[PDB]
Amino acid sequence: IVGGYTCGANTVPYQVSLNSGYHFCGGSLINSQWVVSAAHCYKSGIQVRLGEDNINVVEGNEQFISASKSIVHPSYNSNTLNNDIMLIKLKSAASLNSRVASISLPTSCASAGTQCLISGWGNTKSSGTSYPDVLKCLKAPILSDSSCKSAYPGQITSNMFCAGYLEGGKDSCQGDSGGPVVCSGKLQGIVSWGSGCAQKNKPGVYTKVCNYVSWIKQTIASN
């Protein structure tokens, strides 16, 4: 997150860290056994870390559980990042509580202008590099389909939306990928891609989770 604020320990109870010896991606807990992340986050040897503020310190609310199964979207294209969504099932169900809680899936697509909360452990600098160990949050409006396409000609599909600020200074960044965009209690976005971070006229691009609910419910139902 660039231009963000320190969320507060466990204030984003659906925020997961995907670990392979190190945090490499975000994810969102959608029930006791299942995480939604970015398909571009896919690799093997994933441990899901829940109840996490400082990913470098054992602070006392963590649940560490290995991925049993990963399911990349059948139509995920790694070149275009179209359908940048993936499901990870846990070996065991997490204990849900105030600090580790599922986030609701959308029953409807959110609209441009809606305030959303973007979180993750990604880079905090638009130029240079610096990673935070505590979770960062950013409040961001969804931008119009048309201003998204203007910013990124030939690149935005019907499964993407932009959120943030055209003036720049405030964006998601490297290490935020797979992390949530929650809008009015509902998971509307996955941190997907962008041209640099927090650059003028280059906002964050997010997987449009409302397109994928059928797939998520049907997949959870049989796996």
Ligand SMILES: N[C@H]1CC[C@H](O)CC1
Contents of the next structure:
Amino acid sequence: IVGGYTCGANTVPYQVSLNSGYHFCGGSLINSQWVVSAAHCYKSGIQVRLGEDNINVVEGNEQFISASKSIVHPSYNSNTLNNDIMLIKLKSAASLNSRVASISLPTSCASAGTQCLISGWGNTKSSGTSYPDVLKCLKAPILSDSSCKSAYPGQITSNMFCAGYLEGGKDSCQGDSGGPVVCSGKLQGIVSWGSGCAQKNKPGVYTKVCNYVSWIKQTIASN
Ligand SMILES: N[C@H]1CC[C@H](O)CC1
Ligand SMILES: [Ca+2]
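Form deposited with the ligand bound, following the form solved without the ligand:
Next comes the full complex, and the chain you just saw is listed first.
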């Protein structure tokens, strides 16, 4: 997260870190056994880390649970990043509490102008490289489809939305991939892609989660 703030320990209780020897992606806990992340975060050997603040220190509220199964969206295209969504099932159910909690799926799509919370352990610099170890947060509005398409000609599908600031300076970045965009207590987005981070007229692009609720529910119900 570039131009954000320190969230505070366990204040984003649905935020997970995906770990394969190291943090490589964010995710969102949507029930005791399932995490939603980005399809481009797919790899084998995933351990889901819940209750994290400092990802380099065991602080006492963590639950480390290995993934039993990953399900990338059937229509995910890695070139265009269309349908950039995946589900990860935990080998055992997480113990839910105030610091480890699921986030609600949307019942309807959020509109341009809606304020959201974006979070993650990604790069905090737009030019250099500095990785924080505590969770960073950014409050950011959803942008109009028209401004999103104008920022990224030929690249924005019906399964994507822009959020952030056209002036630059505040954005998600490398390492935030797969993490949450939550608006009014609903998971509306997944950190997906962008051109650099926090660059003028290049806001972050996010997977439009409301399009996938039926797929998520049915997949969970049979897996
Ligand atoms: N704003 C996006 C966040 C994820 C990334 O890998 C590229 C920039
Ligand atoms: Ca920790």
